[PDB]
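Only one protein chain is missing from this complex, and each of the others stays in its spot.
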Amino acid sequence: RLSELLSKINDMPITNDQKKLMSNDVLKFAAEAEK
Amino acid sequence: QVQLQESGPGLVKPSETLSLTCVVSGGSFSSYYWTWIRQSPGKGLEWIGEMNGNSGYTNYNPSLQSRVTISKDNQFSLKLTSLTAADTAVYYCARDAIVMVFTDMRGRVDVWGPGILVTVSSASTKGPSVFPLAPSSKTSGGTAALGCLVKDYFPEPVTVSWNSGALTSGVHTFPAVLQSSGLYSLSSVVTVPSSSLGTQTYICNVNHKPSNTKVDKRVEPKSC
Partner (left out) sequence: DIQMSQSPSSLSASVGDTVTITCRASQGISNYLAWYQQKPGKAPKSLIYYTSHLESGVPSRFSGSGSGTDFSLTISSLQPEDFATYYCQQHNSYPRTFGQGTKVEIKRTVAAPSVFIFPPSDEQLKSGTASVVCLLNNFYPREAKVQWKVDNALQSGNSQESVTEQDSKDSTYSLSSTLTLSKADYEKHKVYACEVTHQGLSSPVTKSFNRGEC
């Protein structure tokens, strides 16, 4: 779920900058869900 | 280590389709984004596009979007259609960053292929006429110039050596220029002592592999 979304964010036609923000936001849910 | 290698025809006709293939060595194709880049004297380096090495997902340059396809066949290919002269360039395949996750290496290339010269033109493959640039008849102690005019061949490249590789010092082989006929022309020149003209023989060895013509031209002082 996380890896499938992170890898999809990666191939998007957006800036690197935005790729990282969305990446950070996604694994923010994964970390809070597991904490 | 990982190595890339281009393959495909380096001579394409204007309206017809450019096809190139890049095979990956090292064994990590499905982990990285793979790219095509081209270099032109007029437009410099251009990013053609990228491809997710696992899924096949692509992102193209808007200027190329409507006629470019990158795809999996450790092998991936570039198809460019509806060409014009402006597509003449050295095409490189290259490795971007990993697909799995964003990394900061995203969008730059680390490993390149050697590159392939693709020539977009309607000209037929033709071998060169090699004409002598005779040394002037106008004294020992001074330096004479002589050469060969390698004229009206297509496509690039041609190689030029002198006396079968034995004569290297003072040799200048110039970049070819594209004439208005669409054929190439270059001169290869060598500087030698005037006093050796009566004693030494000077032969330029022109090789044009695409047309399979080799030409040895003895260049001598014209009399007169």
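We call the chains A and B, going by the order they appear; numbering starts again at 1 in every chain.
Keep in mind that, in the parts below, a residue touches a chain if its C-beta (ideal position, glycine included) is under 8 Å from a C-beta of that chain, and two chains touch if they have at least 3 such contacts.
Peer 1: Based on the whole complex, identify which of B:20, B:78, B:186 or B:204 touches the chain you can't see.
Peer 2: Only one of B:20, B:78, B:186 or B:204 touches the chain omitted from view, namely B:186.
Peer 1: I'm checking contacts with the chain that's been left out. Which of B:13, B:172, B:209 or B:214 qualifies?
Peer 2: For the chain that is not drawn, the touching residue is B:172.
Peer 1: Tell me which of B:98, B:134, B:167 or B:203 is the one touching the absent chain.
Peer 2: B:134
Peer 1: To test your reading of the contact rule: which positions on subunit B touch the chain that is missing from view?
Peer 2: On the subunit B side, contact with the omitted chain comes from 44-47, 59-63, 92, 104-115, 129, 131-134, 136-138, 143, 145, 147, 149, 151, 172-177, 179, 185-187, 189, 191, 224.
Peer 1: Tell me which stretches of subunit A touch the chain missing from the display.
Peer 2: 13-17
One rule holds in what follows: only the chains that are shown with their structure count from here on.
Peer 1: Between subunit A and subunit B, tell me the centre distance in angstrom, where each centre is the average of that chain's C-alpha atoms.
Peer 2: Chain centroid spacing, subunit A to subunit B, equals 42 Å.
Peer 1: Considering the complex alone, what residue numbers of subunit B touch subunit A?
Peer 2: 33, 52, 55, 57, 59, 99-102, 104, 106-107
Peer 1: Within their complex, state which residues of subunit A touch subunit B.
Peer 2: 3, 6-7, 9-11, 13, 16, 19-20, 23
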